[PDB]
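Every protein chain except one is present and positioned as in the full complex.
Per-chain residue numbering starts at 1, and chain names A, B, C, D, E and F are given in the order in which the chains are listed.
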Amino acid sequence: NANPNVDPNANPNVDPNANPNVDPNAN
Amino acid sequence: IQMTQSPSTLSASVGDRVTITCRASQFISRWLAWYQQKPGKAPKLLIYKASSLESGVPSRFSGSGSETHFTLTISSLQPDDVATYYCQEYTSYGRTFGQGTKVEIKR
Amino acid sequence: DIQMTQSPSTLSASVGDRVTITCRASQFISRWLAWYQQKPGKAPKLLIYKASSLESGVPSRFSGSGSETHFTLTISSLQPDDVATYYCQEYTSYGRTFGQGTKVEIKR
Amino acid sequence: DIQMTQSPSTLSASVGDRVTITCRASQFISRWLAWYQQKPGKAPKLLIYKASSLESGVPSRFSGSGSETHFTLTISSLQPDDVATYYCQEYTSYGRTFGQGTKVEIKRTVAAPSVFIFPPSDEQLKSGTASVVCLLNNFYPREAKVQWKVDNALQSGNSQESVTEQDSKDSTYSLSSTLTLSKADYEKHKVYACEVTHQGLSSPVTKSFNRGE
Amino acid sequence: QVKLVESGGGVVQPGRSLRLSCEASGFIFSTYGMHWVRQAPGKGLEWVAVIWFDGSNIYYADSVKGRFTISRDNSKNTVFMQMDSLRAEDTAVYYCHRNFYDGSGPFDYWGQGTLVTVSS
Amino acid sequence: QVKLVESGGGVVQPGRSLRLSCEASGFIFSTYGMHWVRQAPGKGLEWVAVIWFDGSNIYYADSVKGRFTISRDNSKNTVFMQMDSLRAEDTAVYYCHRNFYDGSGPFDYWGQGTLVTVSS
Partner (left out) sequence: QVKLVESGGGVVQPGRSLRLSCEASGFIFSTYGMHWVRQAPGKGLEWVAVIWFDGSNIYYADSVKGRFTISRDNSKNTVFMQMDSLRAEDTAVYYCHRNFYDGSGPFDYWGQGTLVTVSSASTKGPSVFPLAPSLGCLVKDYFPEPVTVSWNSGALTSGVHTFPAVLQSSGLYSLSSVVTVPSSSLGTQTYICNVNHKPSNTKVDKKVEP
């Protein structure tokens, strides 16, 4: 969806995606 | 929109599993956040999108849930994590806070 | 799709060192690759995941590196309990895609 | 265009000390910074990205904090291996804009130089114009000046000086000043000398010349 | 850095008006807007008002009404609020809030807090 | 310390069908999915099909698509596989795979394996 508190954009040097096989919030 | 928190008062020993409920009323997507306030100070943001994490936050905290039912879980307690927790909602312009939930210790 | 090409299946050694296996893809995959090892009669076993990493249990002497085209595996301490076949693997979405294998033998 | 400035331009802190460097933006960068590091004679290496995360391989004594338009970097327990130059990159579109650079060094107690004997030139005389060398060695700190008195005369806009980088053994420097004079001028006159000044020296010292041997 | 400071607290004769103003320093306005939040003594937090940059929605909590007019100064980046027709239960602590979510992370920047009490 | 067991196999004439299903024991089916991995005799491994957690994300290989059906029954941590129109060059040893990476080191578990022979 889209809220007025979140802007729509995408920095060209970063790829927005998540691998389904890895759980995020880890390093 | 009326928003309620079920577990008004919780307690546990040094290291347990504690669960909190932030069941809303209306229909919202994954738009929710949690705040932790220590006495005599200002709140702090903990998680957003009901599943993500903040920066510089211990990995024990881990939210879950979707649609309407939302839960928060802690793997281990430690004495440092005694505070009050509020569950928020930031859909559209207005924001309505929760009701409150206090966690204590027992020796 | 994605097709993985490996080094020639014939590889010989004399309990020496510096045996290299290559694995070249045909698209853009970043650091998502793992190597297996299958005994002649057994089930496959994991060796390293997220190339340029390691696994708890292996007796060292295993390493790799690469970025989007070429990933290599080296031993340099080949004892006589490594004989078997090694398979590439890629995991960037739902479903995998194995390579073709490479057998290591002993030169007499 | 975005303009970036670094508040400190030179640092000098002893080992086991806390240092800080601040990078300030111009309009807005929503936490899209990155800090580099370039040792002399090499290529820069990435250190921190997104102003909070840490690249693999970096030790645990490097950390930094970020905000809208104010970023800082902190080094705890400084070791005598981090004498380099630190930049402040940004990336928010197709292109980057680097900062200015900051140098960090190591401090120690003051010391005094050891002025040597300055040999005149003869093969330079045979080939044409002559040159002579004023040389210092193993002094601290860097700040010092030199001047010459040829028959008690001051020269303006005729000499250049060079200084080496900080030594990696005892944290000291070196100096060397030269002068170019014509063949005809050196034939006349008799007396020339080197005059040096140093804050670590109680009084200026004088070194004479030697002609014929 | 970014800091928020407010002023105007103090005792007030019940039935008399009072003015609140939040000072914003360290950034430039005209991006998303601000909020006012308060906390009753010993109770939970509660939402009050909202003001975006320039003229926008001025949505108020149902517990209060148009007696809580809020406006932004045209010259500087300050927000004003008018208090009037107070009650005995309006004593609380008023904070200053400005939150907006971007594509890289969250921003919170909570205020400091001032005290307002009613008595005789 | 979980274990997996598959039941099935035998001799089946060209056409007809077969029934094999590796049931999940020692763990609770939660998040991620399961895969079926073939292994021709004396050849390399090959991926066949994938089933996600509840009912979604069902994909097939190029040489199997449109022939095999895989689904998970409700309230049971079992995966059922059905094939129609069996032919030659399809005799192999079938495994069951479950692998995911999170937190600490990786987790992966492989089944025992069953033999299927197709001939007359």
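The rule is short, and it goes like this: a contact is a pair of C-beta atoms (placed from the backbone, for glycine too) under 8 Å apart; a residue touches a chain by one contact, two chains touch by 3 or more.
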Of D:52, D:147 or D:176, the residue in touch with the unshown chain: D:176
Sole contact to the chain not displayed, among D:14, D:27, D:76 or D:137: D:137
Hidden partner chain, touching residue among D:64, D:66, D:99 or D:113: D:99
In chain C, positions touching the absent partner: 28, 30-32, 50, 65-70, 72
Residues of chain D (touch criterion as defined above) contacting the omitted chain: 1, 38, 43-44, 46, 49, 55-56, 87, 94-101, 117, 119-121, 123-124, 127, 131, 133, 135, 137, 160, 162, 164, 174, 176, 178, 180, 210, 213
Touching residues (missing chain, whole complex) on chain A: 13-15, 17-19
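Everything that follows uses one rule, which is that only the chains that are shown with their structure count from here on.
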Result of counting contacting C-beta pairs for A-D and A-E, higher pair: A-E
Multi-partner residues of chain A (at least 2 other chains): 3, 5, 11, 20-21
Multi-chain contact sites of chain F, meaning residues that touch two or more partners: 101
Complete list of chain pairs which touch one another: A-B, A-C, A-D, A-E, A-F, B-E, C-F, D-E
